[PDB]
Amino acid sequence: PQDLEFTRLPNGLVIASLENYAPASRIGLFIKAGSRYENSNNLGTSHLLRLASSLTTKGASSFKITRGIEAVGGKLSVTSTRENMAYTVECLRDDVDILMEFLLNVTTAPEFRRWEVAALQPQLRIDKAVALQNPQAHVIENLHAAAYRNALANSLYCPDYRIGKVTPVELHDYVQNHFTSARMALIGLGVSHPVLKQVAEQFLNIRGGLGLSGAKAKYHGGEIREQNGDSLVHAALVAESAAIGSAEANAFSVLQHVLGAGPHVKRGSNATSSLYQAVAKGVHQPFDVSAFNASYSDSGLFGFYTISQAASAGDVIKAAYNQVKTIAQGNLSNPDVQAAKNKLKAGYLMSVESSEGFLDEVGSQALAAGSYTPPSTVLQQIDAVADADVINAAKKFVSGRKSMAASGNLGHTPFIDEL
Amino acid sequence: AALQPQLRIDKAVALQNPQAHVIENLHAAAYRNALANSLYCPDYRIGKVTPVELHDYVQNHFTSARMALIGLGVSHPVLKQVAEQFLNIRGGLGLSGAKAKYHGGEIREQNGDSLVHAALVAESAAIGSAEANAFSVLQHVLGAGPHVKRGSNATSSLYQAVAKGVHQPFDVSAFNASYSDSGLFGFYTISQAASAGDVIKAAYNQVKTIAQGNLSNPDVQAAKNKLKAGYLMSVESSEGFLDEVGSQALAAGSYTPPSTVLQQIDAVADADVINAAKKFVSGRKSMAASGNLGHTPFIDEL
Amino acid sequence: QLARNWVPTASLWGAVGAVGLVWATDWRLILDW
Amino acid sequence: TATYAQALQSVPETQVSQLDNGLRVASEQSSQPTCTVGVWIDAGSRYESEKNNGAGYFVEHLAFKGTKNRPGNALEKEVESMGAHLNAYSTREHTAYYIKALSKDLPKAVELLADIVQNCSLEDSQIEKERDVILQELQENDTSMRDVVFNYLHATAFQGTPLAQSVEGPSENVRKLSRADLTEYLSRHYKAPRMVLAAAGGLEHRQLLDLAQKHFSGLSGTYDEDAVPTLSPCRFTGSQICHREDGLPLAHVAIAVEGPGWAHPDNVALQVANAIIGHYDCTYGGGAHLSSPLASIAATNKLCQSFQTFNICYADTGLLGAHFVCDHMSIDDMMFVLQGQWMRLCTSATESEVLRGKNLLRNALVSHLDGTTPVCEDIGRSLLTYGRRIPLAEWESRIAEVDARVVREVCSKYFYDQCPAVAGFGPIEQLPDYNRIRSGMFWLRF
Amino acid sequence: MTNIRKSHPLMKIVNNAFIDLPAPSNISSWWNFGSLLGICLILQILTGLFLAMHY
Amino acid sequence: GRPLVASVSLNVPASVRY
Amino acid sequence: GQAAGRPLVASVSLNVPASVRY
Amino acid sequence: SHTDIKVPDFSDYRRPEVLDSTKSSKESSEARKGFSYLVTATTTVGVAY
Ligand code: HEM
Ligand code: HEM
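Chains as they are written, first to last, in the deposited numbering: chain l, 21 to 439; chain x, 138 to 439; chain t, 12 to 44; chain k, 1 to 446; chain m, 1 to 55; chain v, 61 to 78; chain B3, 57 to 78; chain p, 1 to 49.
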């Protein structure tokens, strides 16, 4: 039906909505406070905080909400990241109100009680376990140390001695401090904007306080090497890319799909990707290659990450690394830019086409801007990127202090000094 | 295989003292290949050790050429009798391909401790020259093993040069150790969280002063006085002497009388240690970080 | 709770009890054949 | 507006269109720049002979290795030059070919898709590559105990029919296959009715049917005989399988009994049957307060690291049971405490407890519909299963059917005093012996 | 042993010296005897007992 | 590569992503 | 950094528990 | 690998009613069971006497 309607309120909290004709009725809350606000003594907070949703509110007893949710057959959701912590909630068209109420008391009416609090420690390791299977997971965090110093490098996962370290009082401060009506952004989907707007300012207006932004994160070069006995090494190399919200990050976001490929054909040796081909040509049999780009508010990180064998490691590196130079030499195929756009646009769409993916992308704007760019203009923006743009952008990559992280047998592994 | 469990129990106790824990990580920052290798089995490396591996490494690095035997109070012949007898095998020997390639870098590891540990070292010379001795002079110049218990050590400038511009408990020592193909000279500090960076330059820039040509020649003597005596008081013990005997053996194969050694000690010129000291600040330096890093600067602040 | 089933099964057992319950004791009764 | 009552009314419906040689056309409009085109094939592993086993699998790989008209890896570049994602998959019954794409490049898609559907470049260049690649995989596939344990279960009951056999078949035919059999099995089973075609996106129907038309009006894709439609009732065997190995930490164990075919009313009730038990695993935020009896209790003592349930209904067959993971010394617990959660249903069960599950399955199917592709996939199986049927609102009606008696009628059939089969993998060791389970299925009323 | 009627009275935990007593596969009838023995002992106990009454 | 990643806990289900 | 009588640290075990050093 | 296994055949011990695999096991199943139980019930009775 009608498209995005977002109403700026006095509380600074933007309430956006549509209405659908669909039975799906969903809601989610997005807040700016992620890992990056955990200070040296605030560490792991979010990591554990995110795990609290099952506790007893001041509104409701924990047991209640439990038998509360399943009785509806509805569903609750929790999500965190380096930047935007978020809760997500969904149920059938009709009954959201009761659950809507529940969404309130959660962030509205916190309770911290030692027996309640402390007993949930053991969950952490069981948690912290499974993700660490994939070293690619394990690889990500250590990386952020190499590129920064203070905040962004902070893990999404509680440091180990930091585990017996978490008291209730700490939370409640961090609760209110980073929770304000200004920083809270709410999105509706298929429901009347008024019922949205009704409750909106009502419960959700509190303060004030603290967005405290003092982390510039100071992108800083360095590398880190950690030794395992694995037969398949993991290593990455990244240079600072631009901040989000410019064609520059898009230039890399172009430049990623230029070089980098999420697989478009299963089992296929990917020919249209030069690098992978440019690798296997001069290299030998199993390996895997991908270029990496991700950005945030105050910066972005663009590079490549490789997985090969022990001797394979250094070989892949320059073969991949010097391959990058070629485009940094002015080598380009403009039709590729189109195909990249073709890829870039479509892949973007195919991500946004899903409801929930779209759901995110909606409110992703919110804590960022507070407006909505139609995807059309976005697509127009995509075309807007010049060729030499990405080229010079690419030039920066090799043209600046680069960072490395090392996971695997290091036996043959070069340092940065070889690069 | 049954002796695996001993390892952790072993590997445990030493790791109490972070100063222990500090040493090894350090060697990573200054090198790449060999010297940085720990004296302690890496963790996944534990279930990793088969017999066959050993026996190769047994014979490979074991040769009559590389084996050096010392007697003490016993007839040289009974020594010499059995000597060539059993101990003559091969050969094979000695596989020296590690130059260790001193290489700059730093490493930072985060704990929750209230007392930080950090060190800064520049490459010093190889053992077996007055140059390493110049640092070995320069250590006892700046650095002090305590000669008075409980004493705030005045004759050490740095420690005083620290506490003068700094505050409440801390501890300061300069570090030097060498080997065949190189040596490592620097200082290592333990202070509080805010105390950390403060101590650093206050200590670090203090070093510059001597690198500025500032020197007191009588101190050199006292240093020698210290250096000679302390050396002696180490060598005076039998076993300490026992080591120092055969320490020569795998090194040289001769014996320098301590007299000439003492003469060698005097032989060091003043500007020698000065320029040697100059190198220290004058070259790529390495760092390792143990403690709360909250205030901890990087090398870039230094 | 208005337990629904097992109500019929209940009648059975006491009855399953009941019939044999005389089949032990054996006394004045009706049908022979 | 949107009301869950109204929302059942406003739908783009599935479309029906026929070709002459047996291919079916169908479609739905998403008012969307993108569309998911796919092709479904009912050729089952159970059609292939024992020697033919693993072929289609091997074959599926061969498709995008370049086709008769379009040799190797000029194919991908185009779809990549387009920017479209491309994927395919297999199943003992069914093999899939599909693409996510914009509605713009649609025209080539079919004529690209169509070519490879039957026309195939057949060259021994790949035959050894894939064989080695497959021999690589076959030996690598031993890594996940999960996919391991399944096949055992099929062979357990379904021994005697091709249904139980591996998708990928014996390692030996992997070496032993000539592409004659391929072409031969290419030959038999790829003519219609076997073929089924659909797609979904902003496309409606007509503008599909025009550019459906002539290939693949068509290339035939035929219908003659190739027997008909050959399948047979598969044997349902009460039995056990035990592979005892003491090295690994845990033992994947699951349990099952046979069930009805795809199409049947009972197919509905069973959906809510598993809605009752729920499922627990390590890292759920569940905690002790969960409503499901085992989800709370089997977590309480962590009698399981994890468990779930499964339901699959074949043509003439169906499967019921749960799949669970726990430490070995306690394994006995789950088994003891799993059963009653069936049995107590069979007598004492309750209306309200179903509501949530009644609600859940309602909650379940609704959420199934996000994104382009999922609808596309539905159509194919639906056609292969119930045909045209998308009884969308009718589902609820099918759900509204449900009653406490209705349930306590259902489980009466397939559970109380039946013959289960046993699938297990080391460290099985403490697994209660068979004859317990059997005399353990039916209560004595205790 | 969740809600197992073995542990509810502590007594029946002892009763698990039997149910779950592991046992060898190949066993002659010649291993019936051990259990067979106690049988006679019981049946006896009653007989001489009621006999003991009138004697 | 990865998003980079994400974290998911919530109530009844869960997983990790990239 | 503690050596000061000598070069760096130690490893010894024979009997007596174990010894680290400067 | 794992794949090469196939269950060996016991059928000698079976009875032919289910010997056809193209029978659904459910059909004989109906009458199939009771005869087994029939003994069970049957065997039980005389004991009580
Ligand atoms: C009425 C007297 C006895 C009773 C009630 C009795 C009871 C049992 C029972 C129940 C068993 C376990 C089953 C079996 O292994 O047979 C057993 C085993 C055994 N009994 Fe006794 N037993 C009796 C007499 C004896 C005697 C007289 C001896 C030796 C002189 C004896 C030595 C053993 C031995 C060695 C076994 C284990 C035999 C094997 O491993 O097969 N028992 N007895
Ligand atoms: C293995 C168990 C027992 C044996 C082998 C045994 C032995 C005997 C013997 C040798 C006789 C006399 C034989 C005969 O009268 O023909 C007998 C009878 C008797 N036994 Fe036992 N005794 C056993 C247990 C008992 C028990 C449990 C009781 C009493 C409860 C008992 C009490 C008697 C009495 C009262 C008689 C008198 C009946 C009679 O002598 O005719 N004995 N028993």
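Please note that the accuracy of each hint is not assured.
What the hints assert, rightly or not - Straight-line distance between alpha carbons at most 20 Å, and here's what the computed EDC-like set of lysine to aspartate or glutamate pairs gives:
(1) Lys286 (chain l) to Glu78 (chain k)
(2) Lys286 (chain l) to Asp181 (chain k)
(3) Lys129 (chain k) to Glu78 (chain k)
(4) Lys416 (chain x) to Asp437 (chain x)
(5) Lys77 (chain k) to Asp356 (chain l)
Stated by the list, open to error - Sample of chain p residues with no beta-carbon within 10 Å of chain k, all distances over it, derived:
(6) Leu38
(7) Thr43
(8) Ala48
If you're looking for bench data, these hints aren't it; they were derived computationally from the structure.
No residue lacks a Cβ here, since even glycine has one placed at the ideal position from N, Cα and C.
- Item | Enumerated hints in conflict with the structure, sorted upward | 2, 3
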